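K.L.:
Here's the letter readout for the chains.
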Amino acid sequence: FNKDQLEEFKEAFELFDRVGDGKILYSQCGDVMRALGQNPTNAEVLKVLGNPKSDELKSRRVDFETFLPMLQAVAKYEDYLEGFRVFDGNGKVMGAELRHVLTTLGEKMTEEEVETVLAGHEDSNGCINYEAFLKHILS
Amino acid sequence: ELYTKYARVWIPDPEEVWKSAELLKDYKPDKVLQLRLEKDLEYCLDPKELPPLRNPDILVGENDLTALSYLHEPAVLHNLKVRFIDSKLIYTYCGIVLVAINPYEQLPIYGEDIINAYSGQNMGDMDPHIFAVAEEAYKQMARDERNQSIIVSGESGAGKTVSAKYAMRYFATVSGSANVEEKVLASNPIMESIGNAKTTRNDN
Amino acid sequence: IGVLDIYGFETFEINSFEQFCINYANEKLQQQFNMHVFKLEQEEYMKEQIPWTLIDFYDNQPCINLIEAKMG
Amino acid sequence: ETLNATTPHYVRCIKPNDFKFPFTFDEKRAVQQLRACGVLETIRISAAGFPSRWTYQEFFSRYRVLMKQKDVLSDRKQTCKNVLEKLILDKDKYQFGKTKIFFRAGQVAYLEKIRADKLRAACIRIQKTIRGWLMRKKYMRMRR
Ligand SMILES: Nc1ncnc2c1ncn2[C@@H]1O[C@H](COP(=O)(O)OP(=O)(O)NP(=O)(O)O)[C@@H](O)[C@H]1O
Ligand SMILES: [Mg+2]
Numbered sequence: 004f005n006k007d008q009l010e011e012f013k014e015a016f017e018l019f020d021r022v023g024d025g026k027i028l029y030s031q032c033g034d035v036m037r038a039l040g041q042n043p044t045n046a047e048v049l050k051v052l053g054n055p056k057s058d059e060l061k062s063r064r065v066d067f068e069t070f071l072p073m074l075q076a077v078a079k086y087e088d089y090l091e092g093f094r095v096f097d100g101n102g103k104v105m106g107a108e109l110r111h112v113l114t115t116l117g118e119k120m121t122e123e124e125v126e127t128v129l130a131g132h133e134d135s136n137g138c139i140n141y142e143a144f145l146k147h148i149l150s
Numbered sequence: 005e006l007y008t009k010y011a012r013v014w015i016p017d018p019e020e021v022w023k024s025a026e027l028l029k030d031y032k033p035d036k037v038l039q040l041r042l043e046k047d048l049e050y051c052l053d054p057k058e059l060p061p062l063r064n065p066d067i068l069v070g071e072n073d074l075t076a077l078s079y080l081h082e083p084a085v086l087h088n089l090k091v092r093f094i095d096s097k098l099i100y101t102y103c104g105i106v107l108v109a110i111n112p113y114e115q116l117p118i119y120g121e122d123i124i125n126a127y128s129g130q131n132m133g134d135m136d137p138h139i140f141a142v143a144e145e146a147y148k149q150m151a152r153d154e155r156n157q158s159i160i161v162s163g164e165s166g167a168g169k170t171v172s173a174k175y176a177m178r179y180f181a182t183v184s185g186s190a191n192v193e194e195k196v197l198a199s200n201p202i203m204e205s206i207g208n209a210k211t212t213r214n215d216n
Numbered sequence: 433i434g435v436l437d438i439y440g441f442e443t444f445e446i447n448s449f450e451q452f453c454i455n456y457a458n459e460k461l462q463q464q465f466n467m468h469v470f471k472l473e474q475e476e477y478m479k480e481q482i483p484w485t486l487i488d489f490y491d492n493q494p495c496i497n498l499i500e501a502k503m504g
Numbered sequence: 649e650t651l652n653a654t655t656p657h658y659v660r661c662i663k664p665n666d667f668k669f670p671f672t673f674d675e676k677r678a679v680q681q682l683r684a685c686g687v688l689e690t691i692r693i694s695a696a697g698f699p700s701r702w703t704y705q706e707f708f709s710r711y712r713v714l715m716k717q718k719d720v721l722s723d724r725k726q727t728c729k730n731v732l733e734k735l736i737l738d739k740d741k742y743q744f745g746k747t748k749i750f751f752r753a754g755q756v757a758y759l760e761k762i763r764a765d766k767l768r769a770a771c772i773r774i775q776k777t778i779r780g781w782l783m784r785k786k787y788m789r790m791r792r
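Protein chains in written order, with the entry's author numbering: chain U, 4 to 79, 86 to 97, 100 to 150; chain S, 5 to 33, 35 to 43, 46 to 54, 57 to 186, 190 to 216; chain E, 433 to 504; chain P, 649 to 792.
Honestly, the hints are just simulated from the structure, not real lab data. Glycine included, each C-beta is placed from N, C-alpha and C at the ideal position. Don't take every hint at face value.
As the list claims (entries may be wrong) - Pairs of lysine-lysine residues, derived as BS3-like cross-links and limited to a Cα-Cα distance of at most 25 Å, are as follows:
no.	chain 1	residue 1	chain 2	residue 2
1	U	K146	P	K766
2	P	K766	S	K9
3	U	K146	P	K785
Said to hold, decoys possible - Interface residues of chain U toward chain P, partial, derived using beta-carbon atoms under 7 Å:
no.	residue
4	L18
5	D34
6	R37
7	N42
8	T44
9	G92
10	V95
11	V112
12	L113
13	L116
14	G117
15	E118
16	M120
17	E124
18	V128
19	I148
Construct all of the structure, not just a fragment, from the sequences and the given hints.
P.N.:
Pasting the structure below:
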C-alpha cells in the first residue's frame, strides 16, 4: 500500500472513530477491512487481531498504526459460483433456504444482515439468481 | 480420524447407563480425551476402547433402529428414549422385530379408523404399530396358505396380553364377524389364576 | 394365525432349575429366530443379486449342545 | 414343531419402569430388558454385515452436494458408483445392489460428517462475502 491508500484508509478509519481519539475498537478492525474490499472470515479477523479477549474487544481502542499490519497481513468467481451451486440445478436458490442456511449454519449472522443483502434479490417464486447475486456482492 | 474436535461420544455414567459428551480436543494416538458435558472432564482411554461414537442427528429418532449408522447400546437406548418421551410413540421396528414399550397409559391409536388405515398397507408405508404386524401376517396367510405365527416375548408386566388382544381385535375388524375375541379375553382370568405365580421380582 | 405368549430370558441374584429351563427354552426360540432372520437376509440378497458369502450366520447351537446333548 | 411348521413374526415387549409411572423411562431398567429380550444381541449381529441400505434415488437426492458438476450424470446409478468410490476408499465397505446401496455401519455417518463439513465451509465462505459487501456499503455511507 502506498501513501495515498494509507491516507484514505486512515481518514475512513477516523470516520469510524466514534470517540475522537483517533482509534477504533478491535471489533471494528474486521469491519474496516471488509469496508476496504476484503472478505475475511471472523476467524481470520480474530487471527490478524491476535484473538482478542471479550474485554478488549468491547472496550480497547486501537489507532490506525496498530490496525495497519493487520490490514497488510489480510491483503497478503468460479469457486464462489460452485459454492452457491451447492444450494441450488435451474440457476436459482430458495430465499427461505438461503436465509435458513445463512442464519443457522457456520458462523451464524443476524436476520437483518441477511434481509439487507437479500432485499430485492428474490423473485416471485422465492428464487435467487445466484450468479447475479454473487457478481453483485463481489463487485 | 472420526474422533475430531467437536465430535460426540457416549461415556458411561452411574445413574443413566450412558451420557453424552462432546470431544473438546481432537484425539491423536494417546491416552487422553478432553471432554465437555451438558462440566469439564478428562477421561482415561484404557485397555483398548475408544468411547462409542454418536450418530448424526438426522438418523436419531427414525422408525427403524437399523437405520442408525453406529449401532450400539447407547444409540439404541437414546432412539427409544427420545421416541417414547418426546414423540410418545411406543412402537419401533428393529429389523424384523417390533419393539413395544409399555406406556402404562391409554392411547387413541387403537381406533377402528386407524385399523382401516393400516389394512392393505405394507411395512414400508406406515409408522410401526402392532396392526402393521397383524396385517403382514394376514396378507402372508392370504398369499400362501401357510399358517402364520406372532411371537411375543418379554418379562411379565411388559403388556404381552394387551398386545395379543389388539392383534386379534385387528383380525376381528378386518375380517368382520362370531364373538371369538370376547371369549378369548374372558378366558384370561382362569388361565392367570391356575397358571400365574408371584415371583421375587414380579407379581403375576 | 397363532399368537404365542411366552416368558423371556430370566436372571436373578439366585438362579435355579426353573430359571435354567426358562433360559434353555429361550435359547431354542432365539436359535429359531436367528435362523429365520438369516433366511430372510439370504432372500433379500438374492433379490438384489449380491453374493451370499458376505453375510455370516451367528450360531448358538454350541450352547444348546452344551445343555441338551448326551453328557449334557 | 408347532412353530417350525409356521412362519413367525416377532414382537418384543419392554417395561420401562418398575413403578408403572405413565410415560416415564428408566435407562437402567430398560437396558436390562433390552438385554433380556435379545434386542441388543440382534443389533450386535446386524452391526456386522450391511445394516444400512439406501435407494439410489434417495441417496442421490441427499448427496448431490458432494458431487462435482463434472461427475453428475443423468444416470444416477453410475454417478453413485463413480462418486462413492472416490468418497470411500474401500470397495469392501459397500456393495452396489440392483436398486439399493448397502453400507457397513460406519460409512453413512462418515458421509454425513463430510457432507456437513463441506456445507459448513461453503456457508462460512459465502457469509464472510456477504458481511464484506455489507461493510463496504457501510463504508460508502461513512464517506457519505
Ligand atoms: N399398548 C398398551 N397400551 C396401553 N396400556 C398398555 C399397553 N401395553 C401394556 N399396557 C398396560 O400394561 C399393564 C399390563 O399389561 P398386560 O398386557 O395386562 O400384561 P400382563 O397382564 O402383566 N401379562 P404378563 O406381562 O405376562 O404378566 C396394564 O396396565 C396395561 O394397561
Ligand atoms: Mg395385567
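K.L.:
Now tell me, hint by hint, if it's right for this structure.
P.N.:
Structure-based check of each hint:
{"no.": "1", "hint": "U:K146 with P:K766", "in the structure": "holds, 22 Å"}
{"no.": "2", "hint": "P:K766 with S:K9", "in the structure": "holds, 16 Å"}
{"no.": "3", "hint": "U:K146 with P:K785", "in the structure": "holds, 15 Å"}
{"no.": "4", "hint": "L18", "in the structure": "holds, 5 Å"}
{"no.": "5", "hint": "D34", "in the structure": "holds, 5 Å"}
{"no.": "6", "hint": "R37", "in the structure": "holds, 3 Å"}
{"no.": "7", "hint": "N42", "in the structure": "holds, 4 Å"}
{"no.": "8", "hint": "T44", "in the structure": "holds, 5 Å"}
{"no.": "9", "hint": "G92", "in the structure": "holds, 5 Å"}
{"no.": "10", "hint": "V95", "in the structure": "holds, 5 Å"}
{"no.": "11", "hint": "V112", "in the structure": "holds, 6 Å"}
{"no.": "12", "hint": "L113", "in the structure": "holds, 5 Å"}
{"no.": "13", "hint": "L116", "in the structure": "holds, 4 Å"}
{"no.": "14", "hint": "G117", "in the structure": "holds, 4 Å"}
{"no.": "15", "hint": "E118", "in the structure": "holds, 6 Å"}
{"no.": "16", "hint": "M120", "in the structure": "holds, 5 Å"}
{"no.": "17", "hint": "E124", "in the structure": "holds, 6 Å"}
{"no.": "18", "hint": "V128", "in the structure": "holds, 5 Å"}
{"no.": "19", "hint": "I148", "in the structure": "holds, 4 Å"}
Violated hints are absent here; each numbered hint is respected by the structure.
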